[PDB]
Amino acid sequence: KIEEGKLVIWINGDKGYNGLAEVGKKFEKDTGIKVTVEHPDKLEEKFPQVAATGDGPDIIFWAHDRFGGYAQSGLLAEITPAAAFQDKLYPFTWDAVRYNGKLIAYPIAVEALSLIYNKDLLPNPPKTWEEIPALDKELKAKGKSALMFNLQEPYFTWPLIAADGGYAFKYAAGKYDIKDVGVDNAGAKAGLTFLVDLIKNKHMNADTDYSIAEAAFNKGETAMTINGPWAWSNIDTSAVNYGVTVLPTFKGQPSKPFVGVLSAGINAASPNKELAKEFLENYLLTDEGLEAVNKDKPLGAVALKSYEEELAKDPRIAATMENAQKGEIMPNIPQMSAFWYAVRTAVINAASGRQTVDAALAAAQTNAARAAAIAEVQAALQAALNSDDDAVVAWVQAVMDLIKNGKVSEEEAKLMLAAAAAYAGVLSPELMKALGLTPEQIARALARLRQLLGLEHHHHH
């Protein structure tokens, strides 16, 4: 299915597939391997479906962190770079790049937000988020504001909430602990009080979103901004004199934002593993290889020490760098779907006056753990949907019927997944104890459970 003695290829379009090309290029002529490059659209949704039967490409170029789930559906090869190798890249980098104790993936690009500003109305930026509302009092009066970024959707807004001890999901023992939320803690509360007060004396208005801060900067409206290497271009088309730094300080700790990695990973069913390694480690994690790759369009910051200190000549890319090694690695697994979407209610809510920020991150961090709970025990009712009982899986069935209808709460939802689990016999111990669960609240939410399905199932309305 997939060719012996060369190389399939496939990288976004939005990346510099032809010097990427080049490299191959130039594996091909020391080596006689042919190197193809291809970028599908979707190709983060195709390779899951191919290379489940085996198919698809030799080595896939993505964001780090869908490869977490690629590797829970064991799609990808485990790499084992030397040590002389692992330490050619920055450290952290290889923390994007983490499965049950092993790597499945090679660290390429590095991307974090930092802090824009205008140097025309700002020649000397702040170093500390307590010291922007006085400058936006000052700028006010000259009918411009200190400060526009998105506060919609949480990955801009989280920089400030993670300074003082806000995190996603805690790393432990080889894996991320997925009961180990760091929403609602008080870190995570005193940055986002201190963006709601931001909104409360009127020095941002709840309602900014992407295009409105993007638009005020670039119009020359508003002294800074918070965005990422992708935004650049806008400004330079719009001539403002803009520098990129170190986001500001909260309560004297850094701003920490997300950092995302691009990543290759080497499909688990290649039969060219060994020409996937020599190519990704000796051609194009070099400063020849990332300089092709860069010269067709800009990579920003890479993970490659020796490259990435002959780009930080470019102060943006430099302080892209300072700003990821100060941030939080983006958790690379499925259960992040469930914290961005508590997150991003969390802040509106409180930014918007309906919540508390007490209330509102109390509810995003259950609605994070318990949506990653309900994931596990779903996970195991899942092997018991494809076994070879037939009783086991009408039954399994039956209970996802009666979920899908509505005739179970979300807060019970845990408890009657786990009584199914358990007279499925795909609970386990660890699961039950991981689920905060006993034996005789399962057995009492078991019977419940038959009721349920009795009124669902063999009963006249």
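Numbering follows the first chain given and starts at 1. What changes on going to the form deposited in another entry:
For the motion between these two forms, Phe61 lies in the other rigid part from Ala146.
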Second form
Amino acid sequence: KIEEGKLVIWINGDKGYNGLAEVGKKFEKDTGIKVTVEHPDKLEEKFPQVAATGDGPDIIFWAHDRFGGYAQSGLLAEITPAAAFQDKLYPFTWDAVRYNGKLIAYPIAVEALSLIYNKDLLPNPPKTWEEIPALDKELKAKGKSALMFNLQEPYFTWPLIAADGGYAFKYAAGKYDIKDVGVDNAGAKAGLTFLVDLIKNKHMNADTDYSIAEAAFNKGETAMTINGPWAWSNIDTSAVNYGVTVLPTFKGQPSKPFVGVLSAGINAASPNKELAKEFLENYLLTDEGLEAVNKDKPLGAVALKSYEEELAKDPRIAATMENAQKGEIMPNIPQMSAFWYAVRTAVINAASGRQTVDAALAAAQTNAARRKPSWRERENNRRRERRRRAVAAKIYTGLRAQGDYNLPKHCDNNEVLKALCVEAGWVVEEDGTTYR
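Form deposited in another entry, following the form deposited in one PDB entry:
If you are looking for partners or other molecules, they are not here, because only the chain is given.
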């Protein structure tokens, strides 16, 4: 739990938390405030469960798509940087972190998936998804594979699902229609069927996850992977000469990745809200601060204009933003969580053969729509059934006490009910068949 004078940060384990820990240390030396960085598992899920009761970190790092629900549940302290600060960042990165007219976190970096390839195994990477199967057949004869990427998180498969028409929630009339979903249309089916066919034809394995794909590419066992800017440092430490380029087209259309804006929201329950902005505004979001983090694990197109003009000249960043322009920024609405869980279930269930593509995406469409019942709705149901059981229990208590039925020493209420039935002129068979 939070406490005054200290700063605890939650950031995903694939970002440069060590580099950010070097930001907190210099922050500690200036004003004497200790700064701990922790990279817990499923931090995007734990934070909403714990922040309600007042627990959780001072600052939470995650992509912007989750912050709308967080704010909707009143977990985030509203951000109000001076004008002088707001102008230090690109406008569209402020838009990613504004929900109902209010800024709900500090945008940090823009992330988009790209195609990463091994130049030594594949000097000329494919321009199309359609030619990957043949390429894998050629590489399988050399003991390699064409492509491996995380199939457990729909983030990585969404570029292909959206290529031919799939979409999450249609945007029209300046709003996201929380009830117009595009996970079941012809384009989505085409994209997921091709992915499943890749598995069926043994060009990919349904159980490949982030760790398995990263190891295979960094050990030179697979020619390509799909990943974000954070993955680059680990490829750098390996012996692989890699390139970063546009994702392959599918049916002649670009892959359309969902673009995220890594952000840092301040816990509404924190006693260090001011201390946290002094850290975020004048220590992290500075050339030397982003540098220390970026040097750990690349951030992507950092939102600070001041440092992005430097990073923007990296050909890997140019490629990252080439993919981003062909994709879309993620909505931040609270229903993204339901959308992501549903599509995750669809991809996994179709990849494994547990469901057909048609059945998986059909269910996904209705799941990404589902309303989650409120606490009060759950409590209404709990109480109604408590009252139903209490009413029955009182009836049978009086029947047992006053009925003087010929009942066994121990018997259930069904037997009492039977004795009440015969008294009222009914016949009740062994199995409950009841008539006059």
